[PDB]
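Okay, so here's just one chain, in structure tokens, the form deposited without this ligand.
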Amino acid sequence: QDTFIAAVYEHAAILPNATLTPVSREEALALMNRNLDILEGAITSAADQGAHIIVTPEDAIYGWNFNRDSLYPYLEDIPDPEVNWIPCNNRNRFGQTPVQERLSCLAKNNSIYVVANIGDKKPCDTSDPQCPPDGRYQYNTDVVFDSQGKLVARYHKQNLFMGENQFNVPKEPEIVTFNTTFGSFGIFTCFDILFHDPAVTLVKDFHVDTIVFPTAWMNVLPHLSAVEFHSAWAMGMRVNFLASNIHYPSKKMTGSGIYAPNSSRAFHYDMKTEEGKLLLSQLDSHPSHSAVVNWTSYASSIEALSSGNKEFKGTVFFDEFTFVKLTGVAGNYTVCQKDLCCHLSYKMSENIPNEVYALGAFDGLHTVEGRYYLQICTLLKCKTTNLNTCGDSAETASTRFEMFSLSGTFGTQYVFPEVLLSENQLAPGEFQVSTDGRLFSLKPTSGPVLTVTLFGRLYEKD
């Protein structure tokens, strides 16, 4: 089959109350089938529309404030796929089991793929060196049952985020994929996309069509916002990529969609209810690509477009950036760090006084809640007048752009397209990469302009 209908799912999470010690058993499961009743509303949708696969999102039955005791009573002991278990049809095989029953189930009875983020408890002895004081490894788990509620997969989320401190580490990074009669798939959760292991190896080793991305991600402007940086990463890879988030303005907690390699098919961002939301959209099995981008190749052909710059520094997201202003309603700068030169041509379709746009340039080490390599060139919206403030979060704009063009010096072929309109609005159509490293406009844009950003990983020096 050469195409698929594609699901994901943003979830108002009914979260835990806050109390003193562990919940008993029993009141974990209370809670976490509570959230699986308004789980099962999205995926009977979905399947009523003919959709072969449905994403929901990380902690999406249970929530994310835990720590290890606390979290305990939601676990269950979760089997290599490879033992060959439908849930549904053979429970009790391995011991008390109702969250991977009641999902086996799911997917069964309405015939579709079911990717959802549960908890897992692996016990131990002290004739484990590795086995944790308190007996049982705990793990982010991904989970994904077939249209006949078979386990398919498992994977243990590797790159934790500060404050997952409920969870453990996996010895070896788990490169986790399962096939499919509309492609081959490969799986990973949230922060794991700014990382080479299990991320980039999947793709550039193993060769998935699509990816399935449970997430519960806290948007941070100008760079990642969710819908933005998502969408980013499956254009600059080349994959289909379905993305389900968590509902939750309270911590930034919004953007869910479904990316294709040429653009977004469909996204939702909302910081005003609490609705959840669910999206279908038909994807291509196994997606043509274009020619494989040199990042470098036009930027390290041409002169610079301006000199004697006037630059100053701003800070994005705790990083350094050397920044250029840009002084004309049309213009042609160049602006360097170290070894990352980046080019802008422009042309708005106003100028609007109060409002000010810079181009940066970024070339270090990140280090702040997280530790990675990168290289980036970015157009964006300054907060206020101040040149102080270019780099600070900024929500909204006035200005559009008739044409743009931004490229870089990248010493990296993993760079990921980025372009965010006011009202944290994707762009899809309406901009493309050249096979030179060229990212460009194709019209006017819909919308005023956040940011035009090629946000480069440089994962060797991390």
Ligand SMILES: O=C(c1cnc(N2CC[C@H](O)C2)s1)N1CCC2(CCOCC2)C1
Second form
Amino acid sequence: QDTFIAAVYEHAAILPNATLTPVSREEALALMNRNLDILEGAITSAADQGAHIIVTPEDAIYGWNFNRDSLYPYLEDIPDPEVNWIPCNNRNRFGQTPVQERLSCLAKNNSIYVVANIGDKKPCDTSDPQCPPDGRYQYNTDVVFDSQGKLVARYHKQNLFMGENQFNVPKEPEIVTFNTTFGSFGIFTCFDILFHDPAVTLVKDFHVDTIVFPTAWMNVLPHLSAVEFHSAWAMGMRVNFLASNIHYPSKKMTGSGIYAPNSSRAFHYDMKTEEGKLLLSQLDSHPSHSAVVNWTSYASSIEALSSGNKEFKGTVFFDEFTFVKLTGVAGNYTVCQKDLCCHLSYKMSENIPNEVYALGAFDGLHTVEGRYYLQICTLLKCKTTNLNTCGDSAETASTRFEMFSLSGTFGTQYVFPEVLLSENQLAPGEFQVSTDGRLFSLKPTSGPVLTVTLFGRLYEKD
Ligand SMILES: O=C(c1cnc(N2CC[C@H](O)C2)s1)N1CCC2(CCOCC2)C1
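Follow the form deposited without this ligand with the form deposited with this ligand bound, if you could.
Up next: the whole complex, starting with the chain shown before.
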């Protein structure tokens, strides 16, 4: 089959009541079942609309407020899928696996692939030199059940985010895939998307067509809003992408979507309500990739579009960019820092007076809640008119752009093209990437621009 119905669910999760000591296994199962009822409502809706696969969010079933012991009652010992097990049909094969059983049955009775995130526990002995002192590993685990309810993939999150002290890290990164009549799929979780393993190995070495992506992502503007960066990543890596995000505006958790190599196909962003949302979209089983892009070709082919600028430092996500302020309603600007030069050409729909935009270049190591080397070229709307706010989270803008064109002398080929509009809206089909590394507008933007960014990762320099 050449196309398939993809679904993602944004889940307003029921969080376990605050308790000082760990709950019983029955209370744990009761809370997880409260979440699975809602998730099943989504799965049934997707099946009734003919979906082939549905992704649900990270931590969607038991939440994220845990220490090791208070999490333990929620864990199940999840076997390796090579055991060839359908929990729905052979319950009791392995013992105390009710959550796996219910996920299996949801996948089977609704004839739909189900991707869910749950907790794995793996007992270990002192025989094991890295057994944790409390006698077991606990892993943040994606499980996939096929349309028959078979366990076809289990993935332990490699790159733990801060505040995940309830979990352990696998001894080695797990490259987990599963094959289907509608393509080869790879899986990783939330923070993983910012690192090489497994996320980049899946695409570059195992050539998967589609990533399934449970996430509990807290938006960090201007470059790391969920929809913005996930769709940008799918575009740069050239895969389909099913991002299923928690809904929790209080913590800036919102943004779910279905993304394709050529464009975003569906997306959701909602800070106002507490409702979940099911998204569906058609995808090609095996997409085309246009010619690969040399991200520094064009940028290395110009001389600076501007010289003797008034440059200044301004802070984006604790990273200090070198900025030049955009003064004219249209202009050609170049900005450099260390090894990275960023070129912008732009014509705004109008000069909104109390709105300031800037072009910034960053080339260095990020260290706050994550260590990773970055090369970023960004056109962005400054939070206020104060140049000290250029880089701060900005959610709204009024300046639309008639045209833009951004490029950079990137020292990496992993560069993810981002375009975000006011109110955190994607711009599907309004822009393109050329083979020589320009991200440019195909027409005037449909809404005011928050950012146009080329976000590049230099994994070797971590
Ligand atoms: O995977 C994640 C990420 C959430 N936001 C992330 N990023 C990436 C870029 C920027 O740093 C923002 S990663 N998890 C799982 C555990 C979690 C712990 C925090 O509280 C609740 C949920 C958060």
